[PDB]
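Each chain, written out:
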Amino acid sequence: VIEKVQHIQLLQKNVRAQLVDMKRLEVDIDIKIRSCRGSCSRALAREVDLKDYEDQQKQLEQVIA
Amino acid sequence: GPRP
Amino acid sequence: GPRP
Amino acid sequence: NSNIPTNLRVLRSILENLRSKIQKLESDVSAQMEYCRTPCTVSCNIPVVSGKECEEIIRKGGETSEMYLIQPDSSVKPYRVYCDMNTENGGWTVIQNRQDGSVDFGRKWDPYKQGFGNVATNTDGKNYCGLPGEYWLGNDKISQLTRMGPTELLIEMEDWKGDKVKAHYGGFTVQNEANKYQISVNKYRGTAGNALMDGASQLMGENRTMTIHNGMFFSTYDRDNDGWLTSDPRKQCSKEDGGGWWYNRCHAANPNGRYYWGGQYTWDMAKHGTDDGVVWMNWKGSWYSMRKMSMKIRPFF
Amino acid sequence: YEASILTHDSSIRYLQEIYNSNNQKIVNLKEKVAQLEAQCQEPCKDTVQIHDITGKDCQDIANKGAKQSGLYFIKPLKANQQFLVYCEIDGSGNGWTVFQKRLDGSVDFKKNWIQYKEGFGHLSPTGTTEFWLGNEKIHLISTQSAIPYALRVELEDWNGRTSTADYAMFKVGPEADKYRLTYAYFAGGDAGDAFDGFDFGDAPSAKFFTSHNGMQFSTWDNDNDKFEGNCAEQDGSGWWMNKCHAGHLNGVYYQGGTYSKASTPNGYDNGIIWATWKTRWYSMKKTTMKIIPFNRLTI
Ligand SMILES: *[C@@H]1O[C@H](CO[C@@H]2O[C@@H](C)[C@@H](O)[C@@H](O)[C@@H]2O)[C@@H](O[C@@H]2O[C@H](CO)[C@@H](O)[C@H](O)[C@H]2NC(C)=O)[C@H](O)[C@H]1NC(C)=O
Ligand SMILES: [Ca+2]
Ligand SMILES: [Ca+2]
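Residue numbers (our numbering), protein chains in the order written: chain L, 1 to 65; chain D, 66 to 69; chain R, 70 to 73; chain Y, 74 to 374; chain V, 375 to 673.
Chain L extracted, bound-state conformation:
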């Protein structure tokens, strides 16, 4: 627990939270955009890739060790 080590202890926690926070917004946006298909002229065709997020979340843990 040094000056720099503390700064990075938090940076891991923060990115682990943003990783989750994003992984969700990603899903929220997919469902929301789709739910406009029955209301708006059209719904942006798209496909969500969770792997990239999951691959990174396991990646973070690999260095938090």
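The hints are simulated quantities; they were obtained by calculation from the structure and are not laboratory data. Think of the CB as a built atom: it goes at the ideal place given N, C-alpha and C, for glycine as much as any other residue. Be aware that one or more of the hints could be misleading.
To be verified - Chain Y regions said to be covered by chain R (calculated; three or more residues, Cβ under 8 angstroms):
1. 227 to 233
2. 269 to 279
3. 345 to 355
What the hints assert, rightly or not - Taking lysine to any residue and the SDA-like style, the derived pairs with C-alpha atoms no more than 20 angstroms apart in a straight line are:
4. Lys-406(V) to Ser-103(Y)
5. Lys-97(Y) to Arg-46(L)
6. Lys-344(Y) to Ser-41(L)
7. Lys-484(V) to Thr-137(Y)
8. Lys-97(Y) to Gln-18(L)
9. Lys-312(Y) to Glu-405(V)
10. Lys-58(L) to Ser-103(Y)
11. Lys-406(V) to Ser-41(L)
12. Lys-404(V) to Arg-24(L)
13. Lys-97(Y) to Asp-21(L)
14. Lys-344(Y) to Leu-403(V)
15. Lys-181(Y) to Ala-412(V)
16. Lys-419(V) to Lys-312(Y)
17. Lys-404(V) to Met-106(Y)
18. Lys-97(Y) to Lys-404(V)
19. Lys-419(V) to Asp-197(Y)
20. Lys-4(L) to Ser-86(Y)
21. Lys-4(L) to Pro-548(V)
22. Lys-94(Y) to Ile-400(V)
23. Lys-13(L) to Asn-394(V)
24. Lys-419(V) to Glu-107(Y)
25. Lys-406(V) to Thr-421(V)
26. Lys-13(L) to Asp-383(V)
27. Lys-4(L) to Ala-377(V)
28. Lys-406(V) to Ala-104(Y)
29. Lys-430(V) to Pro-548(V)
30. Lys-181(Y) to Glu-416(V)
31. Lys-399(V) to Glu-89(Y)
32. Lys-344(Y) to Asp-52(L)
33. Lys-449(V) to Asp-146(Y)
34. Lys-404(V) to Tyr-108(Y)
Use these hints to put chains D, R, Y and V with the ligands onto chain L, whose structure you have.
Frame of chain L, contents of chains D, R, Y and V with the ligands only:
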């Protein structure tokens, strides 16, 4: 239609 | 889902 | 000691990836906002045959499944509904339908009271709407239909693999608004498991009991009539599990949940960690959002 | 390769600067996602809409202001509930209540008793769909106290020509009397009086056996014609059969107009005919049966  |  | 380096890397690597992901999302959302400057449209010519409800209509000769106009009672003004005239002898008035996530189901008390979504869409080419859309008939209407006389309920679903199951209910009623649209069901049977009456199949005692829907009041994210005695405003069921439902504490079935593409989903995707999404625990568990989910009624003989 | 320790001080801050920046961009995106939501609450707009003006019939509605044709709800005097109908409103305050329409052979007119009783087909605001309003409704509209109606029939061949036929005091009886057709007299029309029967030059009684005034409605599953056989079944329609007909507006829709004996399953003429205007082997391209109060048809 006149039937027989 | 419950809320035990 | 040389850990700080590989750490500042993996941290820099991800924060720049997320930066990109954000860029993609602001793109997608900005594009959708534009497409929404104009609406989607349909053209549904109205069938001549009409009646108090779908059962009367089929008995009157309307033998095809499409949008029909019905008038449960002289008081009410005639309104559109989708009639399933093929499943189990037809005559089924559709009150709830899920199939493509095209409609938003996380709405307030009033939209759920009045009804929302698309009753029907055009049958590719035709002038009538022989295809059903995603919708919630409306609590006032559903309550009035069930109170006309004995009514049975037919809930249907399909997983993203094509497997189908159903939960039947020989008796189904929903009280009016003044009674918080209280729900009552009985005389169950089917291949999906009685989740509305018994509760979460894979649960024990108190845990399974707090997931029983029968007898519950209707709740929306802006109207808490759930069986969850909390003090924290964020702890209401509707706010957590998505849309409006006869939430107890909280559910074993969530027909009006969020539509997850693919079926499989997990707590890390859920907006609140809760198990939102078109759920019917007794059949596929708590983390599976069906591809098809519908609720229909008919007079009981 | 391996940055010097002095770099650590700078790197720690860089991450924090973008981490926090990423964070802000999110707080903002969610905001936009919330604004998107308010934009996705409405259903697709339905082109077909029903006007608010209602009355005892289409003429009544038009007398109440209604100016354009389209779907309306009417409710004759003795009717339990209101029902939708199509109203043709001209520029003279005349409200016609159409009850039969043919124009593409999209709707199959081989229906049973109940179907012909409750009606079938589709109503369109643009008046471009085929249908049968339903015998009961037709009965209710034409038998309101003291209001004497008139029927106008409109045909159109495939060459572009059109013709009409009017009938005073048009009336359709109740189901107990098999929805019998009756009219005071032919009111005139270039289409020619077909309900009066036609001399197919085959019998001594010429006209008689193919006249319609007074005939009861007939369907394959409910025979009430003046023939030992079943007109409705053989001609595959629902109509006021005699033995059998001179006018067959609910007959089989023959594409082109000129059909033949070979075309028919049994052998008899089953097309949309009207002998006083076209050979029994010529099926009309369009057809419309509409009614209005008689005092309205230019006195
Ligand atoms: C009722 O549920 C609670 C909440 O736990 C959840 O439900 C369980 C049935 C099981 O599926 C868990 O994995 C879920 O997380 C149970 O909580 C118990 O809590 C005590 C501490 O108070 C703990 O020691 C137990 O291990 C928990 N239950 C177990 C054995 O997992 C509770 O036990 C459940 N009781 C009933 C009625 O089954
Ligand atoms: Ca509560
Ligand atoms: Ca006969």
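If you test the structure against every hint from before, which numbers come out violated?
Of the numbered hints given earlier, those the structure breaks are 1, 6, 10, 16, 21 and 25, listed in rising order.
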